[PDB]
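Data first, discussion second: the structure below is written as structure tokens.
The other protein chains are all here in position, but one chain of the complex has been omitted.
Labels run A, B, C, D, E and F following the written order; every chain starts at residue 1.
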Amino acid sequence: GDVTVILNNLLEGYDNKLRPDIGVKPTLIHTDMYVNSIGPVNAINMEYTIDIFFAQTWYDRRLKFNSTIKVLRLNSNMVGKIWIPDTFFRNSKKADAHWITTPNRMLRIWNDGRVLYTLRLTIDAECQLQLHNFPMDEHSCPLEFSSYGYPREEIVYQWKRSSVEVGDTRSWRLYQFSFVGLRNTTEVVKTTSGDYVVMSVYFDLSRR
Amino acid sequence: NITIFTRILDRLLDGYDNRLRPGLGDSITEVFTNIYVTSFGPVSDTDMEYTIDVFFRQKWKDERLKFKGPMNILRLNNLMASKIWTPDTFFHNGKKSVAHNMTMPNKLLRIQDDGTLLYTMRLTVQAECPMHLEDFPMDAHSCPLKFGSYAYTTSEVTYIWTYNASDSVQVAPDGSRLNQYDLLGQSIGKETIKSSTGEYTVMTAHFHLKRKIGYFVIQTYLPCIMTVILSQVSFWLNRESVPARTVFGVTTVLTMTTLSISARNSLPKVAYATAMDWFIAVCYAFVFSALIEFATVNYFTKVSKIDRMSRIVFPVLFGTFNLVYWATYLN
Amino acid sequence: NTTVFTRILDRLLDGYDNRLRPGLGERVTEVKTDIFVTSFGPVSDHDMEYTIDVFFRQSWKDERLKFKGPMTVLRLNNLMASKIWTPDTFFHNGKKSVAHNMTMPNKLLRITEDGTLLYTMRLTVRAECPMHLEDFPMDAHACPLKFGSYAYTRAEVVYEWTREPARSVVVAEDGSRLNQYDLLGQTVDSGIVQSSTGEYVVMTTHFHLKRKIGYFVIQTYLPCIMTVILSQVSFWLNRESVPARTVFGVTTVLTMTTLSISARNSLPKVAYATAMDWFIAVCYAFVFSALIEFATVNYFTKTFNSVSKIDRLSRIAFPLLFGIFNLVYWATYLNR
Amino acid sequence: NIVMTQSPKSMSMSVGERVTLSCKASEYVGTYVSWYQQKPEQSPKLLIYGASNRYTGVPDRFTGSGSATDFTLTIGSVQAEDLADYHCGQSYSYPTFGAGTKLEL
Amino acid sequence: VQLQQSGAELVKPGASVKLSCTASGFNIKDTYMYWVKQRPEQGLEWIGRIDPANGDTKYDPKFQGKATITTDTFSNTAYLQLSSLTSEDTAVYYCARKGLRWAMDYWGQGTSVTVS
Amino acid sequence: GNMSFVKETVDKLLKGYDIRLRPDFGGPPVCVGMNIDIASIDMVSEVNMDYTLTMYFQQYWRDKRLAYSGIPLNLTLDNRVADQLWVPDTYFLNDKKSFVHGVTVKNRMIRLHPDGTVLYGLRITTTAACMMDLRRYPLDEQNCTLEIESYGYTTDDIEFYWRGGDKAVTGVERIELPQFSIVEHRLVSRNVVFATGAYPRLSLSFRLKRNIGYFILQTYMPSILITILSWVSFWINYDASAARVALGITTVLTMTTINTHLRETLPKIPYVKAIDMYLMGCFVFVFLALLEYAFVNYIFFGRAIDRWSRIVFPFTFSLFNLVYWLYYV
Partner (left out) sequence: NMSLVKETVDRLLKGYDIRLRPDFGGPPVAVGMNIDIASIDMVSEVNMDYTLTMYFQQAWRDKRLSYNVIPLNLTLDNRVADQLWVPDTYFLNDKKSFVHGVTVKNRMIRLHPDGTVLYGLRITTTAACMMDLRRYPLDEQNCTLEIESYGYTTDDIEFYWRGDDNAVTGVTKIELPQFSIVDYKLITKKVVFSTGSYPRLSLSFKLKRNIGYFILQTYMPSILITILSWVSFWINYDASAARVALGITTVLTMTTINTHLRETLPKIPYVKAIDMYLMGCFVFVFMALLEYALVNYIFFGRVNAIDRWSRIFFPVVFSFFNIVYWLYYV
């Protein structure tokens, strides 16, 4: 009753096509990752599987409501009715979200405009293990992601202070490798359609 | 007649918001869960997975879906499930499951009179099963099934079993597609896992498996046993028959190395050594020490007493080893 | 400027029911068909199937799509195709076929100003080609491509070739992905098939293939001939090499039986025996005949052992009885 | 081309019995032949299309039969008004025909 | 459903003759038009082909050059042009509609030509 | 005027239609007769323990909301109207994987009758699960089934039956499997009880006898030629130690590499097969042939037998073939 008129007031006059602050300032998006299981590191195809809870946080001045309730914890049915950043993984060979028994997506909207979008992804990346010194080798497999269409002047990504976290590193699917450590990194790439901020996560793996 | 049920069903969804769970400011939402395993599918060792067909039944109460009419329960088709609120239950260790859409989407939805709902889904769940293959193949694995809510915390959605928590996961008697293992039984439990976005109610359901040894006796154990006996035929031959015992020598070592590589074609490339590998290596040593015996005899040639003693010690040393290995790992 | 064509399309699709075939209560919808084989794909022997990529064109007359405008032909995109009636053509012997949609649905729709339509589509059809491998590998098949009208009976929808039937299936010159066969020519037919529902018009296209025996000569034939010849040269050895003639015989037997096992890959597990299996069996018998001869000689050995008369008769008859069989086996089949 | 070699030139039998014709093709024509009648001072009319398909208005006594190369047309209890000239065509390629068969009493 | 032809012709050898047939009950852009020659006490000889919607023509190689086929859309009419008429060209001509399964459904009455 | 009248007929039928309600909602169960035209049974794999079947699955029911009093013919409506009519939620219980063909359109038929009858047909390829017993391999016959139910409609809401009795399923006498042969087919109508109620079930069962010619050419004759091969070592004299040891060791190694090579095309089953009984039976005779020379080598170099082994082993092995092909046949 009270929440449905809030959602009807929020989505009336909303454009899915325009990012927040379209001609004012770039949209700052805070990203966060929670790795569930770094899967099997393949060597015949030069790729690695990773299962994460990819989280993104940004602000939207259109999604502002004044009510006694502070957080709008919502399901994935309202995901495709707001603006979402076009975050793609730049070195993924193939990836898919999970859809059983429902789309595995999260959407929480605070009353100032904080949009928390968290989805579950399985990503097949690609680290071309420099396979010298095999099998006494050590490798750093990266995970790069950025926006697709929106350049640096429209979306600028950012890592939180507790950005990348692991689960237990014991139930993981690494057989011949051991998870040594991780590091977050930021850089700006220059392509044929603009300048893009690229966020990289390097996973340091040594052979067992 | 039937137009009465059309007016009732349109009255239910006129004002229904599927974005909101039932009773946001009222109370918590309790979901009763039931699983009917139609066929426990095959367990993969290489991928450390297991496949399972279920009849995933959920049950909750929505007070907005209250009706008065001729029927008590309105058993309805599967396209009202995209118009009402359903829980966003996902499997925590699941990898790749599918929602059967043949010849219709395999779902169920019965609205009882009071508001109670029933929602059954046919899914080919394929979840992760972490294995410790340190007792291979006398190993017994527990493959779990953990399912919980995704965007709803323990203050909003909590799950619970709809029966007593022994007969809440029923396995079909005529459905068991497990060939390597045997389902001993199931045990279920309810936890509360905290993550960075809040607390979450998790319902686990462990399936207790034990590997059948009968494949690896025929395939791996008996060909390794018989080539140890084949390696001991060389002690019964002539001392001066140098190439004949050498043909016995090189082929028993080669067929042990061939069997050793072929044994790990059911194994992930793990760091440790399985109990299968601790039987081949001893059998490798007994085959190899038959070559060291004949090398000693050919060093002392010009019936050897070393050849007469090797016909007695070598069978009974392998005989005592099979009494220790086959009693330690099977209790 | 573009408003005139928009209201033409709006006047076309107003009062239009795509659930009804053209002339539902007055006549039979005649569909004119031709197929441009862009690339005849590889033939899977093990699965008894073949792949083909074609530009399936269907043409029919719709009287509700008449327009008078500045343009005679409306070359439209794939969005207009789903808003109008199209025939429900499917492939009778197809297994799994893909209608390509990268980068946009690969289809075509050209409405002329009298009501004639043209509906081209790019498809990769995996069709059933039943194979009779009694003359393997010197065999020639006729892989069919049958298509028709699921649900539309002969009294509703009939199919026809838009050109002459000899000229209605066209194969491109560069379009040959066959690495084992070669496409000897196409062949069409039109028939009426009966099922549980009714009579349907079926259009059959036959693709006459023929296997190229270049892989199997080097794969099995020539190694089996060399295995026989290496067993043939054991008769020129010393009569007393009790073990040397033994190794020749046992290694020819091992190579012969591993060639017999390995000469069954990629063709399906049929109950009968191929011509290659008969060559395998005759070469196998001539290999084992060498060990029977050596066992006879070793049974008949004992101031000096002399040259065996069994060895001298096997130096002449055994190569000649192989030369008789190869002139019979390579005529019987390679002739026709 | 495709050469139609229908035989014989003429048949002379009475009214009320079975008579059959035979059309032979030099090359493959797959169920694409046609059969026409040719009365004196009259245009041809179609009788059989495909290989054995009865056209509309044709009586049930006119039955054809077809194959990949050999074709035949069987007549059951021929009457006096059927005394005309019969032709065999093909259309698997560019069309050809045959010399024809006549009927006599 | 009816194919009406022209009248009989009588011209000297070595001349040219215009011969026509007008179709009624349908339109010629849908079905192919076939021309055929019937010599007296002989069999049918196919002259040529025309597709009026495309304008394409294909001819018998023994009739190539000495006979061509035209069409027009408004009149719904197919034509012949015969050139270098000789003694062997004395025959009767029919224009044939392509029918179901390419069977030459409808035939014109027949136009007799005679040389002298 | 007919496709201008059929338009108001279909528009009048499908206005006010409730796809959410089955016909006779507050009444008797609706009878859904079913008939299957089997196109081709595809590969029957023992590794995954299933079989693929391509069928023309047809069903028939009588919806009173789809009855019309004008058009006298059976309108075969375009296949996209089936998403706006009630169709039953018929599923296959042993269906591991399945799909309806979609070239050039989706392969389904819809046909209404003036009394409201609905002839709905589909073309489906279902990888149906078939649990197999491989104890008499490769002389076995496997009973593979297709189990057809309705997922949410109970026997007080739907009723299933084979239309035409044994005339219901057609086309199984035409298919030619390369390795199996359809000995018989059977049709069963059941009522299975679950926790949520009793559902109707129709079972189509096929019996598939396995052929033997491929296995004779592939495994049995390679298993028997090695057994013929080891008997040659008895003809070789006692002084040729290396020749007889080669004749024994190569036959033993060929037997074990044939045994390891054969058990890779089949799954990892715990019991012993009949073809494993033949290969273990051939291995014992080959092992005893090499142990016969070791008995010979102990008599003459460590301290009539060669004639007895030349008689027993080419006869006792032949007796073992008689019991083998009279028990498993």
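Throughout what follows, contacts are C-beta pairs under 8 Å (C-beta built on N, C-alpha and C of every residue); 3 or more make two chains touch, one makes a residue touch a chain.
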Touching residue (missing chain; options C:39, C:196, C:289 or C:326): C:39
Selected residue (touches chain absent from view) among A:83, A:172, A:177 or A:203: A:83
Residue numbers in subunit A that touch the chain omitted from display: 15-18, 22-24, 54, 83-84, 86-89, 92-97, 119, 121, 123, 128, 148-151, 154, 191-193
For subunit C, the residues touching the chain missing from this view: 1-2, 4-6, 9, 36, 38-39, 42, 55, 57, 70-71, 75-80, 98, 100, 102-104, 106-110, 118, 120, 122, 124, 170, 176-177, 179-180, 212-215, 218-219, 223, 226-227, 230, 233, 236-239, 241, 243-244, 247-248, 251, 255, 262, 266, 307
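In this text, only the chains that are shown with their structure count from here on.
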Between C-E and C-F, the pair joined by more C-beta contacts: C-F
Centroid spacing, where centroids are CA-atom means, of subunit C and subunit D in whole angstrom: 37
Between subunit A and subunit C, centroid-to-centroid distance (C-alpha), Å: 47
Subunit A, residues touching no fewer than two other chains: none
Multi-partner residues of subunit C (each touching 2 or more other chains): 164-165, 190
